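A.B. asks: Dock chains E and K with the ligands against the given chain B, drawing on the hints supplied.
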Amino acid sequence: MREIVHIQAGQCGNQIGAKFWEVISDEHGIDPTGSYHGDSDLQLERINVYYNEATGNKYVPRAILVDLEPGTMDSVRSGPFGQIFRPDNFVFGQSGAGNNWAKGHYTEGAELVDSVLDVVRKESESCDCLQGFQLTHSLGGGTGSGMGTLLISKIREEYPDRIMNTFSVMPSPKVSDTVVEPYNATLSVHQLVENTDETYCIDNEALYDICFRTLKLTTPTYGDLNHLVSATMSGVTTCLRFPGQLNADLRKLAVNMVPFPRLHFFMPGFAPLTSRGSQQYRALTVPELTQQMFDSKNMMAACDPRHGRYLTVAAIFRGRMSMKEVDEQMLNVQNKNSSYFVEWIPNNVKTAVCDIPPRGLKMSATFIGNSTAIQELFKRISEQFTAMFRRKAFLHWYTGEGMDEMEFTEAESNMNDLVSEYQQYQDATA
Amino acid sequence: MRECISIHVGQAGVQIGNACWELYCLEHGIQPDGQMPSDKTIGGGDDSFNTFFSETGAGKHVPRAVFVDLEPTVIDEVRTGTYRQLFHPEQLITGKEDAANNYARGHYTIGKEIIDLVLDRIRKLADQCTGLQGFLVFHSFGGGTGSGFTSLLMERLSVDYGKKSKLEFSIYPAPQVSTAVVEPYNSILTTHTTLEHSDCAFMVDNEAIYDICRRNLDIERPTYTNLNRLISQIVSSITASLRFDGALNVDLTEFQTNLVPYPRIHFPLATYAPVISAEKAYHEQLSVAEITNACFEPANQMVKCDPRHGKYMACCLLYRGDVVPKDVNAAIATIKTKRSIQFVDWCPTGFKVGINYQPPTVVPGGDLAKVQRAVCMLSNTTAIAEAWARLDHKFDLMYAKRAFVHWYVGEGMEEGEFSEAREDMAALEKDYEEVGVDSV
Amino acid sequence: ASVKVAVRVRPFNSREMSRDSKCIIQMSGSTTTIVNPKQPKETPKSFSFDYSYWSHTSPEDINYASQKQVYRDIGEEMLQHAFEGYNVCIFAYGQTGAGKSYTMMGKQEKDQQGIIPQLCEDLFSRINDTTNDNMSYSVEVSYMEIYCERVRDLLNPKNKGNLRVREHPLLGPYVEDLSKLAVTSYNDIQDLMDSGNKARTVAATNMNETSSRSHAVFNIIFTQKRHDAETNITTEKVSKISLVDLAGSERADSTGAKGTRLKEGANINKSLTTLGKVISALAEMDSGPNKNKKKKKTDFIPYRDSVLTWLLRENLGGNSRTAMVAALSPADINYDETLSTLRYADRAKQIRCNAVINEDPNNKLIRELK
Ligand SMILES: CC(=O)O[C@H]1C(=O)[C@@]2(C)[C@H]([C@H](OC(=O)c3ccccc3)[C@]3(O)C[C@H](OC(=O)[C@H](O)[C@@H](NC(=O)c4ccccc4)c4ccccc4)C(C)=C1C3(C)C)[C@]1(OC(C)=O)CO[C@@H]1C[C@@H]2O
Ligand SMILES: Nc1nc2c(ncn2[C@@H]2O[C@H](COP(=O)(O)OP(=O)(O)OP(=O)(O)O)[C@@H](O)[C@H]2O)c(=O)[nH]1
Ligand SMILES: Nc1ncnc2c1ncn2[C@@H]1O[C@H](COP(=O)(O)OP(=O)(O)NP(=O)(O)O)[C@@H](O)[C@H]1O
Ligand SMILES: Nc1nc2c(ncn2[C@@H]2O[C@H](COP(=O)(O)OP(=O)(O)O)[C@@H](O)[C@H]2O)c(=O)[nH]1
Ligand SMILES: [Mg+2]
Ligand SMILES: [Mg+2]
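Heads up: the sequence lines are chains B, E and K, in that order. Positions 1 to 430 (the entry's author numbering) are the ones given, in order, by the first sequence. Positions 1 to 440 (the entry's author numbering) are the ones given, in order, by the second sequence. Positions 4 to 373 (the entry's author numbering) are the ones given, in order, by the third sequence.
With the rest of the complex left out, here is chain B:
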C-alpha cells in the first residue's frame, strides 16, 4: 500500500488543493461529510492512498493546509468541502509574508516551519509504506515560495529516499499581478532545482489560452484554472489507485523522464477538451486523444514545444482501449515529427494504460513532456531579474530581513547554469 502526503501553501496552493480534493473525492465517491456513497467496489480498493479511515466509518483526506494569513483558511473552511479536512491540519499564523520571499523563508516562516513539520512527521508515521509527497504553491508570491521551499528543504533532509512532486505556478510572460515577481521566482527556482524529484510547470497565461481558444468559455475565473490543474493532478497518480494493462507509479515516471538529475521540469497537458457543445461532432478515439495531447496550444506551461526538442515524454491513458492502437500512434508521432525529438534516446515515449476512466467520459489521457523549450521561460525570468538587480530596485525590502546580494548572485548563477544545461541538447547534427 502506497501513500501520498499532500501539502499546500499560499493562496494559490490552497485554492488548487481545495479544487483537487473535490475532484478526487468524486472519483472515490466521498460525501462532503466524509461518508462513502459510491457504487463500484473498485472505489474502495485503494482508498488508503489519499485518505485515512476514521473510527466512525468516514474518510479524512491526508492533507496539510499551510499559510501565514487566516483569510485563506477561513475561505477553505467555509466552503462546499470545508468539513472534510481535520481541524488539526490547519497550521497558520498572522502577519503574512506579503510577497516578500525573505519574510516567507527566513523571518516569518522559520517560526512556523517547526509546527508544520510536526504535522507532516505525524501524518507520515501512520502510513504503511510512503511513496512520496506533493506540494502546490505559486512561485510568484511570498508565502508560497518561501514556505514551500523551506518545507521542501527540510523534508528532503528528513526523508531522502522518498519522492518529491511539485505542481507550481510560474510567473507569466505578459500577465504580472505583482511588481516583485522576478525576485521570488528566481530564488524559488534556485531552491527547487536542488531539492526536488519532479516539478510540473503551470502558467496562468497558458490556462487562460486553453479556456478561451479550446473550451470557448466567455468569462473564465480561477475556478476553471483550478479545475484544469486538478484534472492534471488526478491524472498523474491514476495508476496507484486502479488496475490497468500497464501500471506506472510516480517513480516509474521519474526514472523514465529524468535523464540527468537537474532536468526535472515538466510541461503538463490533458485531453480531451470539447468546449461544451462540439462533443457531438468529434468522435472520441485514441488517435484524437494523441492529436490533442501533442498539440502545441494544449500545453499548460506557455512554452511552444516546436521551439525546442523533446527530451522525453509520457502518456497516461485512462479507459478501455487496445494496446496496438496506442503503440502505433506513439510510433507514428515519433516518426512524423522526427526533428522535434532528440536522436540519442531511441523510443522516447513512455506509455501507461489504466482501465477505469473518469466518471463522465469514455476515455481520457494525460501528457507529461520534458523538452528543451522550458529554458525559454527561465531565460525570460532571468532578463527581468537583471533588469531589477542592476539598479537594486526593491532590494532594501529583502536585505532588511538578513539576506545579502551574494545570495541573489548565487540564485542568478544557478539559474543561468540550468538554462545552459538545457540548451546543451537543443541543437542539430552535433
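Hints are computed from structural coordinates only; laboratory data are not their basis. Every residue, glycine too, gets a C-beta built ideally from N, C-alpha and C. Warning: the hint list may mix true and false statements.
List time: in silico BS3-like cross-link candidates among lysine-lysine, alpha-carbon distance up to 30 Å [what the hints assert, rightly or not]:
(1) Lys164/E with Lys430/E
(2) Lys350/B with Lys266/K
(3) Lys379/B with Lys300/K
(4) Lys338/E with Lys392/B
(5) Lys430/E with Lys392/B
(6) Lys252/B with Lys261/K
(7) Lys252/B with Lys266/K
(8) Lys326/E with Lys297/B
(9) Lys336/E with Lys174/B
(10) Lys430/E with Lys401/E
(11) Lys154/B with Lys352/K
(12) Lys299/K with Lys280/K
(13) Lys41/K with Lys352/K
(14) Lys216/B with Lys326/E
(15) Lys336/E with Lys216/B
(16) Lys392/B with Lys166/E
(17) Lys379/B with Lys362/B
(18) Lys338/E with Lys297/B
Covered by chain B, per the in silico footprint, the following chain E stretches (three or more residues, Cβ under 8 Å) [said to hold, decoys possible]:
(19) 242–253
(20) 285–298
(21) 349–355
Simulated restraints, written as ranges between beta carbons of each label pair [said to hold, decoys possible]:
(22) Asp160/E with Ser78/B: 33 to 41 Å
(23) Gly79/B with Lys266/K: 40 to 48 Å
(24) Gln426/B with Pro263/E: 40 to 48 Å
(25) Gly79/B with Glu290/E: 31 to 39 Å
(26) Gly79/B with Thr263/K: 43 to 51 Å
(27) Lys266/K with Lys252/B: 20 to 28 Å
(28) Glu429/E with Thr409/B: 27 to 35 Å
(29) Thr218/B with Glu290/E: 16 to 24 Å
(30) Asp88/B with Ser17/K: 56 to 64 Å
(31) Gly79/B with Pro263/E: 39 to 47 Å
(32) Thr409/B with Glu417/E: 38 to 46 Å
(33) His307/B with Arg355/K: 30 to 38 Å
(34) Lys273/K with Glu45/B: 31 to 39 Å
C.D. replies: Just chains E and K with the ligands now, kept in the frame of chain B:
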C-alpha cells in the same frame, strides 16, 4: 484581527475624519448611536469588524480613533453633533489657543503639554489591539497644528513603536489657490518629518478635487464636504482588503513592498476612476477597461501635476465589485501598449493588482452615483517633483527678505533650521532626478 | 594541464593470497600490459603511459619503480611546470582496498615516501633555500570531507552541523566558515594530516578492513614574494595545490554491504560516476578548441551535479593542472575495475588548461603613484 489606528490632527484632519467615519458606519451598518440592529435581526456574523470598531459587552461599537486639535471649536462641533454618542468622550482637545498657522508654536511651545496625554491614549488603544497593522495619520500641510503637532507626534511614534507601518493622507498646498500667507514656510518645515519618519505619504490638492467635481460630478459650488467624501472613498478603497473577502487581497505590507522602490521615494499619487453623477451614470457602460483607462487620464489626477512629464515607477490597482481577473488582465495589456505612458526601464513588471467583492456604498445625501464596479489607483511616479519645485520657488521669494520670520523665531525656533529644512527638500528633489534616469 | 595517470601495482593482500595469487600486470618501459585471467590466450590489453609503475616486488631493482622515481617523473616535474601560476590537483581514483593511501602518504619513517611527503618536504626545502631578507613566503592549509553531499570540517572541533557551500561571484565555489590554518614547517603538515585522517569516518568491509566512507580534500595555498623594491614587485607568485582522497567504487557484489553501509556505497558510486563524466567531458572539450579550430562556441561541463565536482570547479579544470594516481591491484578480481580506471585514463591525461596569475596591485601602486 487586522486592526489599524486612525489619528486625525487639525481642522482638516477632523473634518476628513467625520467624512470617513460616516462612510464606515454606513458600510458596516452601524447606527449613529453605536448600535448595530442588523446583527440582532440576523442573529450572528462578524459585522462588528475589528479593523476600525472595537465591540464592548453591551453591543455598542466604539471606533478606533484619536481626534486631536488645539481649537475647541472643531472638536466641540463633533461632540454635540449627530455622532456625539459614537466616539469615546476622550477627544483629546486643548482648552487653549492654537498654533495660528505657526509651525514653531505648534511644535515647540504649545505642542507640549498635549503630546504626553495623546501618546497615553494612543498606547491605551494599542493595548486593546492584537496584530495591529499600522497607523493612518490625517493632517494638512500649511496649518500650524497639522504641521508642528504632526511632526512631534510622528517623531514620538517612530521612537516608540518603530516597526509598525505609518501612512499619511495630507492636503498639500496648491499651485495658486491658498487660504494663508505662510503656507510655504510650514510645508518646507514639515518636509523633514514627513520624509524621515513616515513610511508612505499621499498628497492631495484642493484644486484637483475642485476640477474633478466641476467636470465629472457637475457640481458648480462645492464645499469641503464633497472633497472630504472623495478622500474618504479613497481611504476606504485602500483599506477594503483588510475587511472583506476577495479574489486577491492586498494588505498594507504588500502595498508598501510593491509601491516603494527606495526608502526616500515613498510619495505616490492617488486617483479614483468612476467619479460620476447619477444623471451621467446612465449612458455609460463603466466596464473594467473604461475605469482603468480613466485612472490614467491627466485630468483625473488628485494632485495638480502632469504624469506625462515624468515616468511611472510603480502602480497598484485596487478593484471593488463585479470584477473578473480576465478584464483586469486585458486592461493592463492595453495600457502597456500605450506610448503616452512611459515606465522606467528598470521595472519591467510595474503593476500590482487587487480585487475585492464588496462594491462601494452610497452615502445618503452624497453626490456619487451607485455603481456596481470601481477601482482606486495608487501610482508612484516622478512627476511629483514638479509639485515640490513650484513651492520651493515660493519659499525662496519669502526667505530672501526674512519676511514673517520674527513670528517663528519668537516661539523658540532657531533661524538656521529654515535653511536646513530647505536643503532636505533639495536633496529629496535631486533623488527623483537621479531615479528616473535610464540605465546604461 | 595534465593528469599523469600513475598506474601502480602493489604487493598482494591476504584476500588475494586466499585466491590464486598471480599478478596479471607487466610492462616494458612505458608499455603497460594487462593479461586477462579469464582469457590468458588473448593478447593482453596494452597501454602507453609514461608513468606506469610496479612496486609488487619491493626489494627488486631491475625495472623497479621506487617512489622517488614516481616523484621525479610526476612530482617535481609537475610542481615546477605548474609553478608559474597554476592550480595543481592531485587526487586518488581507485577501488576499495586498492592501496590509495600508500600513494598519498606512504612510509613516512622510511625514504620510500608517498607523494605528499615528497612534495611538501621538497617545497619546504625549496622555500627555505630561498629564504632571505628580500625574499619571503607564506603557506596555508585546510582540510575537509564530503560524507554524502554534505561538507564537514575535520580540523575544527566537533560541529555536528554541515557547512553551507557558497559561491563567491569572483572567487567561485567555497565552503562557508571552513576552518583554515597557516603553516610554517613540513612536520606541522604531517601532524595536521594525522589529525585529519583520524577524524574521518571509517568502516570495515570484506575488501578492506578500514575503508573510508567519505571524500577528503586537503588544500594548500602558497604565496611567494620578493622585495627588491627598486626594480621588483612583491607577492610575485601564488599557487594552489589540492590533494584529494576519493573513496573507491563499492563493488556491491564483492562486498555485500547492507543498511547504512549500502547507502554510503550508493552515494560514493554516484559521486564517482559524476567525477568520471566530468573527466570524460572536460578532456574532450579542452581537446576540441585547443586542437581543432579555435572556434570556442560553447561547451558545458556538468559541475553542479555533485558537491565534489562543484567544490573542485577551479581545480578540476578550466585554469588548473591536475594529477591522478590509478591505484591498481595485481588481482584477477579487479581486472574489470582496472580496465575501467585506465579507460577513463584514456579519457584523461592531458586536460590542457591555461593560467598565469597573482600580481600585487598595492605594491605596483607605489611605483604608479610615484
Ligand atoms: C455533456 C458532456 O459531454 O459533459 C461533459 C463535457 O461537456 C466536457 C466538455 C467536460 C466538462 O468540463 C468542463 O466544462 C470544464 C470546464 C472548465 C475546466 C475543465 C472542464 C464537464 O463539466 C466535466 C465532466 O467530466 C467530469 O466531471 C470528469 O469526471 C472530471 N471531474 C470533474 O470535472 C469534477 C468537477 C467537480 C467535482 C467533481 C468532479 C474529471 C476529469 C479528470 C479526472 C477526474 C475527474 C464531463 C464529462 C462533462 C461536463 C459535466 C460538462 C470536460 O471536462 C474535463 C474533464 O475537462 C471539458 O473537457 C472535457 C470534455 C467533456 O466533453
Ligand atoms: N480638503 C480639505 N482641506 C481642508 C479642510 N479644512 C482645511 N483644509 C486645508 O487646511 C488648510 C488650513 O490649515 P489647517 O490644517 O486646517 O490649520 P488647523 O488645523 O486649523 O491648525 P491651525 O493652523 O493652528 O489653525 C487650508 O489651507 C485648507 O486648504 C477640509 O475640510 N477639506
Ligand atoms: N609499494 C608498496 N610497498 C609496500 N607496501 C605497500 C605498498 N603500497 C601499498 N602498501 C601497503 O598496502 C596497504 C595499502 O593500504 P590500504 O589498506 O589498501 O588502504 P587503502 O586501500 O588506500 N584505503 P581505500 O583504498 O581508500 O579503501 C598498506 O598496508 C600499505 O602499507
Ligand atoms: N491558478 C490560480 N492562480 C492563482 C490563484 N490565486 C492566485 N493565483 C496566482 O498566484 C499569484 C499570487 O501568489 P499568492 O497566492 O498571493 O502567493 P502567496 O501570497 O505567497 O500565498 C498570482 O500571480 C496569481 O496569478 C488561483 O486561485 N488559481
Ligand atoms: Mg487649527
Ligand atoms: Mg585508499
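A.B. asks: All hints are to be evaluated individually against the structure, with a verdict given for each.
C.D. replies: Structure-based check of all given hints:
A distance of roughly 28 Å separates the Cα atoms of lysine 164/E and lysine 430/E; the hinted pair therefore holds under the 30 Å criterion. In summary, the hint linking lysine 350/B to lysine 266/K is supported, as the alpha carbons are separated by about 29 Å, within the 30 Å threshold. Proposed proximity of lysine 379/B and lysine 300/K is supported: the alpha carbons are some 19 Å apart, at most 30 Å. With a C-alpha separation of about 26 Å, the suggested pairing of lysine 338/E with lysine 392/B holds against the 30 Å cut-off.
Simply put, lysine 430/E and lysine 392/B have alpha-carbon atoms about 18 Å apart, close enough for the 30 Å limit, and the pair holds. Of the pairs offered as hints, the one joining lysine 252/B and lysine 261/K holds, with about 24 Å between alpha carbons and a cut-off of 30 Å not exceeded. Proposed proximity of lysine 252/B and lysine 266/K is supported: the alpha carbons are some 21 Å apart, at most 30 Å. Between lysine 326/E and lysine 297/B the alpha-carbon distance is near 19 Å, which keeps this suggested pair within the 30 Å criterion.
This hinted pair checks out: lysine 336/E and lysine 174/B have alpha carbons roughly 10 Å apart, not beyond 30 Å. Using a Cα cut-off of 30 Å, the hinted pair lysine 430/E and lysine 401/E holds, with the two alpha carbons roughly 26 Å apart. A threshold of 30 Å between alpha carbons decides the hint, and for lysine 154/B with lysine 352/K the separation of about 42 Å lies outside it, so the pair is violated. Note on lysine 299/K and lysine 280/K: the hinted pairing holds, with a Cα-Cα distance of about 21 Å set against a maximum of 30 Å.
Distance check on the hinted pair: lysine 41/K and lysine 352/K sit about 29 Å apart at the alpha-carbon level, within 30 Å; holds. Of the supplied pair hints, the one linking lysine 216/B and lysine 326/E holds, its CA atoms being roughly 14 Å apart against a limit of 30 Å. In summary, the hint linking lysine 336/E to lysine 216/B is supported, as the alpha carbons are separated by about 26 Å, within the 30 Å threshold. For a cut-off of 30 Å, the pair hint linking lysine 392/B to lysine 166/E stands: about 24 Å separates their Cα positions.
Between the alpha carbons of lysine 379/B and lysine 362/B the distance comes to roughly 40 Å, so the proposed pair goes past 30 Å and is violated. Between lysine 338/E and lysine 297/B, the direct Cα distance comes to roughly 28 Å. Compliance with the 30 Å bound is thereby established for this hinted pair. A count of 6 residues in the segment 242–253 of chain E with a Cβ less than 8 Å from any Cβ of chain B is obtained; the coverage claim is therefore met, three being the minimum. With a threshold of 8 Å between beta carbons, the proposed coverage of the segment 285–298 of chain E by chain B is violated, since 0 of its residues qualify and at least three are required.
Counting residues of the segment 349–355 of chain E whose CB lies closer than 8 Å to any CB of chain B gives 5, so the stated coverage by that chain holds, three being the minimum. The hinted range of 33 to 41 Å is satisfied by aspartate 160/E and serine 78/B, whose Cβ atoms lie roughly 38 Å apart. A C-beta distance of roughly 44 Å is found between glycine 79/B and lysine 266/K, which places it inside the suggested range of 40 to 48 Å. At roughly 44 Å, the beta carbons of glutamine 426/B and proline 263/E sit within the given window of 40 to 48 Å.
Restraint check, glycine 79/B to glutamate 290/E: a C-beta distance of roughly 33 Å satisfies the suggested window 31 to 39 Å. For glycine 79/B and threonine 263/K, the hinted distance range of 43 to 51 Å is satisfied, since their beta carbons lie about 46 Å from each other. The supplied range of 20 to 28 Å is met by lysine 266/K and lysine 252/B, whose beta-carbon atoms lie about 22 Å from each other. About 33 Å separates the C-beta atoms of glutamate 429/E and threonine 409/B, a value consistent with the hinted range of 27 to 35 Å.
A hinted range of 16 to 24 Å for the beta carbons of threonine 218/B and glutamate 290/E is consistent with their spacing of about 19 Å. For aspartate 88/B paired with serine 17/K, a C-beta distance near 60 Å keeps the hint of 56 to 64 Å intact. The beta-carbon spacing between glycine 79/B and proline 263/E, approximately 41 Å, falls within the hinted interval of 39 to 47 Å. Checked against the hint of 38 to 46 Å, the pair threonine 409/B and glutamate 417/E passes, with Cβ atoms roughly 44 Å apart.
For the pair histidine 307/B and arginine 355/K, the supplied restraint of 30 to 38 Å holds, since their beta-carbon distance comes to about 35 Å. Taking 31 to 39 Å as the suggested C-beta distance range, the pair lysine 273/K and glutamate 45/B conforms, at roughly 37 Å.
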